[PDB]
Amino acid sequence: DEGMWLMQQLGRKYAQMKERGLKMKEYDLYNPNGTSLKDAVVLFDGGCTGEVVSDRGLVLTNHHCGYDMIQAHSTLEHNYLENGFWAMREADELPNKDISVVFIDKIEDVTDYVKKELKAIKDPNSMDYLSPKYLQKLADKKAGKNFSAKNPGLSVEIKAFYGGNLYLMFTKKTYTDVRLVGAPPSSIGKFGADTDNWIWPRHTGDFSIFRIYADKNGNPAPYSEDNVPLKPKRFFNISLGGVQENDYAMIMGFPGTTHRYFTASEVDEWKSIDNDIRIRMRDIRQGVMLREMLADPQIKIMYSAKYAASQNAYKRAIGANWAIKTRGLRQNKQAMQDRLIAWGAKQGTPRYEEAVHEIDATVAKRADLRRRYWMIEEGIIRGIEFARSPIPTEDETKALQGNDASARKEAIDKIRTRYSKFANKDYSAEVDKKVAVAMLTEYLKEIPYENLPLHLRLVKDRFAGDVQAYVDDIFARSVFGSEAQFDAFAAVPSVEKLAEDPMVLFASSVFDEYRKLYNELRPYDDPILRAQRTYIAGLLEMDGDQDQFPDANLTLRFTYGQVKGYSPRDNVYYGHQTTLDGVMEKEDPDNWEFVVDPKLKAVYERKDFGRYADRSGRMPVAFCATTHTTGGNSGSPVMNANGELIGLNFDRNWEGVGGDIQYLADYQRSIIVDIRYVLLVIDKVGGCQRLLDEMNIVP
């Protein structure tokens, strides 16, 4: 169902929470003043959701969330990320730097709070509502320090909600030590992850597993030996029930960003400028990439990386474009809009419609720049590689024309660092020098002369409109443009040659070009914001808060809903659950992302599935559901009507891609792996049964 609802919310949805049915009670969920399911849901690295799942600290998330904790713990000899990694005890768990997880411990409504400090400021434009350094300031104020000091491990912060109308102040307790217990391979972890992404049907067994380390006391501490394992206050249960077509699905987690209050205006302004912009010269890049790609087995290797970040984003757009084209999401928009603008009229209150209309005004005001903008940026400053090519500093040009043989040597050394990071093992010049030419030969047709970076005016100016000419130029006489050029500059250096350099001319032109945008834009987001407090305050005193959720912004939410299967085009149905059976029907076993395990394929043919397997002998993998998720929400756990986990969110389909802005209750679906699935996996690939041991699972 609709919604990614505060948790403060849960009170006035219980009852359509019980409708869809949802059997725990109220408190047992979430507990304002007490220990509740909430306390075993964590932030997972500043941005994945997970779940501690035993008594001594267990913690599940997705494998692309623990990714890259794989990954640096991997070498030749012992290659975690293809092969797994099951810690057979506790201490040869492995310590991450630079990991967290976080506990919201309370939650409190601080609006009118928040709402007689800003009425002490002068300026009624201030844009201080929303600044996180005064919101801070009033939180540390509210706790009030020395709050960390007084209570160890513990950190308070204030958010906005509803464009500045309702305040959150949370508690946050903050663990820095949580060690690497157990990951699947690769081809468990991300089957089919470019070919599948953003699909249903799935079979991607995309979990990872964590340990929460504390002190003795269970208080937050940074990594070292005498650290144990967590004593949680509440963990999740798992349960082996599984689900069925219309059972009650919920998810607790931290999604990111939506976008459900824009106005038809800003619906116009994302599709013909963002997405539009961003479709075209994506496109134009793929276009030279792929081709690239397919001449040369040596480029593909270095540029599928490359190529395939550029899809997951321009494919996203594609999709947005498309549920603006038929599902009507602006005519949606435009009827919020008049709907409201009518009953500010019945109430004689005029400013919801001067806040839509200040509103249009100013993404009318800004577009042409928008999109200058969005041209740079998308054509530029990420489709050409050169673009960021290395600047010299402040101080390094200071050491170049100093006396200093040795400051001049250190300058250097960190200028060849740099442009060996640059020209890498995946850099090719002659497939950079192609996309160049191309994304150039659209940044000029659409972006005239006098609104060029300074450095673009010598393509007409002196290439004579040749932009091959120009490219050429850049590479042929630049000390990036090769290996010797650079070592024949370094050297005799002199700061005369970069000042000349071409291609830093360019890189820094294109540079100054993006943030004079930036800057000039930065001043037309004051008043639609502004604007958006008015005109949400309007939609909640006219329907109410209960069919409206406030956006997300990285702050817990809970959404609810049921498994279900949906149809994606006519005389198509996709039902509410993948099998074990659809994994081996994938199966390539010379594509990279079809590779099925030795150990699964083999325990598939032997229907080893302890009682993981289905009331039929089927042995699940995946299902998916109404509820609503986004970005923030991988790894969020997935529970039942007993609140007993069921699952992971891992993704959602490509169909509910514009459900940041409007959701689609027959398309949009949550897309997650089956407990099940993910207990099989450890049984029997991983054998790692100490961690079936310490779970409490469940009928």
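Positions refer to the first chain, counted from 1. Each form is matched to the other, and the largest set of C-alpha atoms that superpose within 1.5 Å is called the rigid core. What changes on going to the form deposited in another entry:
- For the residue set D368, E496, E520, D547, core-aligned C-alpha shifts between these two forms reach 2 angstroms or more at a single site, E496.
- Once the rigid core is overlaid between these two forms, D128 does not reach a Cα shift of 2 Å, moving by less than that.
- For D413, the Cα coordinates differ by 2 angstroms or more between these two forms after the core has been superposed.
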Contents of the next structure:
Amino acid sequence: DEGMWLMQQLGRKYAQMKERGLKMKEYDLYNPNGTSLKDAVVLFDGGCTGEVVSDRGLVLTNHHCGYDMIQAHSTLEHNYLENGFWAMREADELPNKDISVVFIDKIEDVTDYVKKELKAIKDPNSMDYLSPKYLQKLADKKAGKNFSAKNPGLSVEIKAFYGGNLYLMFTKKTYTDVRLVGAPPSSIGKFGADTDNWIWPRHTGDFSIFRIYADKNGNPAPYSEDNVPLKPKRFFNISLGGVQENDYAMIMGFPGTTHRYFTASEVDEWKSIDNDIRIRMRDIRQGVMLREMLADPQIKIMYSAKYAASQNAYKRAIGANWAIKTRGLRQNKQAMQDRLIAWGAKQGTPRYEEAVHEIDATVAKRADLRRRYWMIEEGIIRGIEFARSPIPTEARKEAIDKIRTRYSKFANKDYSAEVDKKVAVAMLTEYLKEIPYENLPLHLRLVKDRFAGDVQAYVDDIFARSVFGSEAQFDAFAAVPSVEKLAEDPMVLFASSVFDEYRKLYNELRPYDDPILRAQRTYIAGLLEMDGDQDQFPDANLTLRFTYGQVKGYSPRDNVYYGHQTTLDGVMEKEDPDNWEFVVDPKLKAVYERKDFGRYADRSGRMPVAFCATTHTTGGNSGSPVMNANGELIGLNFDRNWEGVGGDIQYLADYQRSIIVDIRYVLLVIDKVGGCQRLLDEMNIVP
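Next block: the form deposited in another entry, after the form deposited in one PDB entry:
Keep in mind that what follows is only the chain, not its partners or any molecules around it.
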């Protein structure tokens, strides 16, 4: 069901959640002065979510969340990334540098305090009401000086909500000794990772396991061997009961951003500039890279990761545009604003209509600038590798060595000048079609002026004459440098020129953000006064939220249905030993052959892998705990389907799903692949 809800909003949603199957008492989910299930949810390393699952501080998160830590502890000799890692006793758990887990100890509405303090600011158009600096000053003031000394490991922050109409103060408890406990092999943690990115059905065992360490009274402490596991105030019980179609499910985590209060003019802008340009430009770049990778197996090895990276936001854009085209996104936002405008007229209050028209005006006014910026960003800054070639400055020589370092990083083991030329020719062709001469970065005027419109000639010239055009040409330069040659170097001139245009566009565009922000404060205030907050969630902003719904599949298209649950049978169907992403771990294969599923499979002997649910999630919900009607953990959220990515603007009940690793599968992999029984023994596994 729709919405990423504040914890303060639980009372307002509780009836709707019970109608969907919630059985918990409200107080047990969240409450302000006691212990609640909220106390088992953590912000894992500043972006991802995780969850406490034992009375000795075991934390579950996604493999993709744990990846960097697993990587860091890997050596080609103990390659934990590839083989999995299973500590067989607490003493074998691996400390990590610059990691943290954050608990949300307390939440308090401070809207009256902040609004009163804002009256001091004379200028009605000051943006201090959204300023992190300003808000931190208010938080610090409110908590007292010495707060910190009287509160081991606690800090405070104030955040804006509802466009500046509501403020909460959070009290955070931060732990920095968080040790790696367990991880599956990558073939399990990243199964289908690229090819199945954004896809349901999904077959990835995307998990990893950490443990919070602390002082002997459970306070935060920097890493020390005298530290001991945290004995947390609350942890999740783990359900063995599984899921069935239509079961209630809920998620708590830290979603980053949403745009629920877009005007119709902002939807049209997101379609026709940001998405349309990203889709066009990336389809060009990718098409060239594909052709090259298919022609040459060394190019495949060099460019596969850059290709997959480009594909990630491309696939998102595709999905968003599908939603705008087929699911009525614009009309939804149009109806929202027409309702408020007609109401405002009844109240004799034209300020809401003025706000919408101000947003409309600003969006109209920036259109050509924003189009220029997205063209350069997608076409060149991200599009063309040689845009990010070295730009100098700067008797010696030390500077040559400094340039050499940047050059080697540019033209590294994954870079092909020949691939980059082909990509640049195609990208610059489209770029020059769309951007008129008068608005080109200056160096690109040379295509018309010096090369007679021949982009291939132009790009061939940059590489022929640049000191960065090849290692040979770099070495000839240093060796025998020239100040001179460098000042005129066509690659340096290209790179300088495009980054100059990028910067100027950025700087001209930035001022347009503020009138929109100011107008949205008024717009959202309107919407709330008129209809209330019960069916109007605040946009995500990296803070703790809950969402609820049901375990359920969907129909992507006529006569096709995806169910709610994948199985280990589906892993085996996808097996491909010659594709790294569809390798099946030999222990798991052996498990499937023997049906050695223990107590983790369903009564018909099918072993679950993942499931999907109608919860409303976005980026920042990776790793989030998925709870059943009684608050027990039934899975770990890891993705969302491409059909649903338009959900950041308008929730799509019939298409949008969260993609979730089944906790039964997590347990299976712990048990049968890891052989880490002690982790099972320390959890409270319930029927």
